[PDB]
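Colleague: Taking the hints into account, I'd like the entire structure generated from these sequences.
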Amino acid sequence: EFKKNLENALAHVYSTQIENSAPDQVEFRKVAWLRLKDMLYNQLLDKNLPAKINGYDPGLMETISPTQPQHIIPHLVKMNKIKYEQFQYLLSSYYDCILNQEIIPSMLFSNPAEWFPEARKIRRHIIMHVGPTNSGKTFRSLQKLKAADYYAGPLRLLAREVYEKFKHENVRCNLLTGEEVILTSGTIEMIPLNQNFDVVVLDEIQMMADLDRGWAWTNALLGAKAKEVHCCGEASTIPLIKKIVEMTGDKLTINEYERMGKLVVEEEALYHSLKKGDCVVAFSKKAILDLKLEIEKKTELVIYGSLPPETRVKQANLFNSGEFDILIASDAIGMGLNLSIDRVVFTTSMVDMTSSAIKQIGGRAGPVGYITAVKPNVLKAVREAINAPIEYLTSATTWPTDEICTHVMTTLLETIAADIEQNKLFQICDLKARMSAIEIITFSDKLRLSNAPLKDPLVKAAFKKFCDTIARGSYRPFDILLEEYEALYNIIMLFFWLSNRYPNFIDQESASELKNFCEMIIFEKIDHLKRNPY
Amino acid sequence: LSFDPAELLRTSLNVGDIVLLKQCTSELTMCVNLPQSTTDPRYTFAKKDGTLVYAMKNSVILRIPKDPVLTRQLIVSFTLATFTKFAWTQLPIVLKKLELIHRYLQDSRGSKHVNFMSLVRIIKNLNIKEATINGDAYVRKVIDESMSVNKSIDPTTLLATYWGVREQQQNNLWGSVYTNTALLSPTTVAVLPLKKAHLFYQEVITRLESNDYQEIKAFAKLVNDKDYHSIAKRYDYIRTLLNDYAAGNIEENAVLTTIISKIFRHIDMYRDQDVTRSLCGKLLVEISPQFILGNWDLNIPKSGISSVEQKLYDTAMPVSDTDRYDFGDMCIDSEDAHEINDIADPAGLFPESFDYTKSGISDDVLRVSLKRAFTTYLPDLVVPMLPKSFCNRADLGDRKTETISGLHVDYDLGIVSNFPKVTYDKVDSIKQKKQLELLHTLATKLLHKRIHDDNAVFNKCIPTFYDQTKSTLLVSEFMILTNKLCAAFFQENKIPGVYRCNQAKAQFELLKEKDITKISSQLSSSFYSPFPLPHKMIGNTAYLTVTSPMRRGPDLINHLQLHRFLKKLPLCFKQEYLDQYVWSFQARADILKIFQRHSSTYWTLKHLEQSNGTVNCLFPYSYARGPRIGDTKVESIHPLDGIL
RNA sequence: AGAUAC
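Note that the protein sequences, when read in sequence, are chains A and B. If you're matching positions, the first sequence starts at 1 in the working numbering and goes up one per residue. If you're matching positions, the second sequence starts at 535 in the working numbering and goes up one per residue.
Think of the hints as simulated: they come from the structure by calculation, not from any bench. The beta carbon of each residue, even a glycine, is placed where N, CA and C say it ideally should be. Hints are all accurate, no fakes.
Pairwise CB distance ranges (calculated):
# : chain 1 : residue 1 : chain 2 : residue 2 : range
1 : A       : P453      : B       : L1044     : 55 to 61 Å
2 : A       : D479      : B       : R1162     : 50 to 56 Å
3 : B       : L586      : A       : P453      : 26 to 32 Å
4 : B       : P1154     : A       : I441      : 53 to 59 Å
5 : A       : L60       : B       : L1044     : 55 to 61 Å
Modeller: Printed below as a string of structure tokens:
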């Protein structure tokens, strides 16, 4: 019926009018059209043999929902419902279905606050206790934390200190460190990000800008499901936290603290003028530390970072008594032990020390503290660093959590950290140590372990033996009656790390006894230290 | 390295079963122990590392049939590590394949469910190189060849598929994965429409993040300035978003939740408050005039496919075999009852009942009816499995009515017309009556028989609350009997049909001989089957449901099988299609159970608002759930979230 | 979370 032909004409035209609306990918609609028309022509033309065989079959529900457009025409012919409107509508619907089929084939990580949706889904409050060392900033927060119903510290020693104080107050607080398991007190790296508490405390919040360690503080700050998040640290952290709290919508209440006691830089130091209560600061340059301490011993009258904790505590108590007079520290003195130091003497200033590090070391003489140098040039360089204003941190260092970079898997991190860079006030880790350990089956643990600690290859060989002991799904190490004892102590500790991570390494209690054996012997070796590997 | 899915049907949770747990979603675990007390009914699982995990049975995501806490047991280490490494390795390719067939199985009009096992079958059977030549037909050839059958499934592909679907769930390509509690295995998953769900949300995210979340800040300004009209016309996609959140449709995408957190955070009155479903609802009312119904899995029409189909149901009109028995001159329901089945013959209303010429299901209303495995009954609304016209016609209610309709049991299409006006209450109250008394006494005899011989055998726009009679004993007992007898007839005539199937164990049995709370965490549940199994609650015999053909699909299918068989025709369904149909029915029944309990919890809690380390409790109020277990003021209640 | 009616 030519009438029907005219109907298909005005209908298809009507469809054009309903295919001239938007440019937002109108091309898809176009292709749909061409496929349509082409399908019609092809239908009638090929129908040369099945014209009637076509024109024999009626429809039902497909008329409201154009199911299979493999053949439109015959249905349009044999239509009988109980006018042109039927035509135009039906074909319009058909086109829509063609768009369902044709707008479908072949047609085609800077918001870390987003990584903790559960934390972003609640009101979180930030309380910033900002100030120098020796300011009382920690105590208000700790007292707020007790009356509640977690503490995150940078050091096993600080976690121990809070544990000890809490135990003395009659209050069962477990301990969770990398190496020790006993409210909850832990290292910031061991914080759970899935346990909805009421109060979390983050100490030394500025270590969020460590190039190598800083991700845990950022992650905890962004992700802790706590009603109150108390952060304690220096004021250099304040603007970023505001920018950070800008991304969470979280209220920020700032509390500022000044030094409880005065501090001053001396004119010029006079090594015989070293004095009781002097702390001579040598950094992790234990060969320098060792040589200096033996020399100063060899006239009249030690803590560094790679010492064990117990030995350090013993050293503090000995120092606090006149069985020890002066002490040599390291930047490891920046935090931890509560030490009664009258006067800081800087041995030196291979890069220059940051103004912040100098300020951190010097504020431990907390009510009048004194600071000087061995050499006058350093004395003035120190006076400059000491009098330098509160340098502000520009950015906060970040690292993908297990969950996220497992999702990325779907040395991949080379790429992940690269696109992380490629937001603007967020840093990528160094992780040079982590990649080193990565130089070395389960993938998940490979990530989980790529954060395990070691030196720069006895540590590397022990690590190999450990990966091998992982592949099979502990002794080779003898001492009886110095660099060797420190290395062995670190391997026994690494063993304690895996044991606290995989109770299926069994040694346990008996291995704890072994640790004390490395510690007493190192201690006695250090007290009697007649030479030193420099 | 494949196993048969039937043994899931054939077995209950057991030692050696390999499972994925909700706690430890990222690793496989192995059932190492059974519930240890009435006091503590939780299971014990061992990880590949050898660490134990304790979990309630409903924490099992998927389950693999087998093929005292001794640390030394390599056995488990080996099974779990092997299958896990293989699945893990298979996975990226599975993600690509998932993306592709998503493009093909998805329907633009709306959400569409799929048998999950079938999906796994498809994922296993497809080669990517060939999937790009004679492509689209190759795929639909791999989909039909998916259906073709042996029926066995590779565990590795199953796991990888599950992981793949969740990861792409983050993109709104797939919906929530539903796991049946009886078999403890995934039954179905919805496939969300590409245009409406993927592109729409992606566009929304870019639009909302654009110009440093300019659109968000501007919006929060508008909400703060209370000029809701502009919101209406310009920002309706955000109302859409909040609604989609309220329905629990996008509850699992973390990004839409952070975005929404920023939106709430920027709005003054709601500022610093918990992000909840309830909050999105409350926020929405404050902006729209006059939310569980919005759920995509809840096949409510408001949904383009459910609206098309309901448009078919609105527009539909239905050779009665003289070979039918006439019952001559010879129903306890509520007053407010819709369909009266007590048995009606809706199957007669379909051509498939008599037409053995065309194989499978050809009729549109029939096919739709089967997709809706049941009538959907909620306090809010009703979605009948059958169209209104056909229910009005076929319902049994003084009317010519087409039909299918010690102690000893005598083992060896209709017409009816006399229909007495009666109700459950009316039945309870008090010649025909004498017949009724004989019947109640008979029912009591049926129950007594079932009990003593078959070792046969929780209540409580305007919400109202309520809390079992002689009448109920009567109906239930005669329904159970009818269904057992028809089970027997089908089995004996070899007709394939859709069937319905420690100190703690002793304590349970003693309790069997108030405080059913303590028994409740040791529950068995019902499941549908393509082969006969005893329903051990009702007795020791097979159970085949024929009593509710207008509100239950399996009964309807049983009715078609009876129609074809009785007129000595070839049966409508061979065992294999019976299995497929059965899987779909189980999926939609589970889904309904979930949304029923969701809605009841929502309303109960909303009424409350208007008025075994588990810290679970209950009210007197059955569905308000939030050391001495079973023994006999809160902070917050948000009903849409299910928080109490 | 089992069972009948809906």
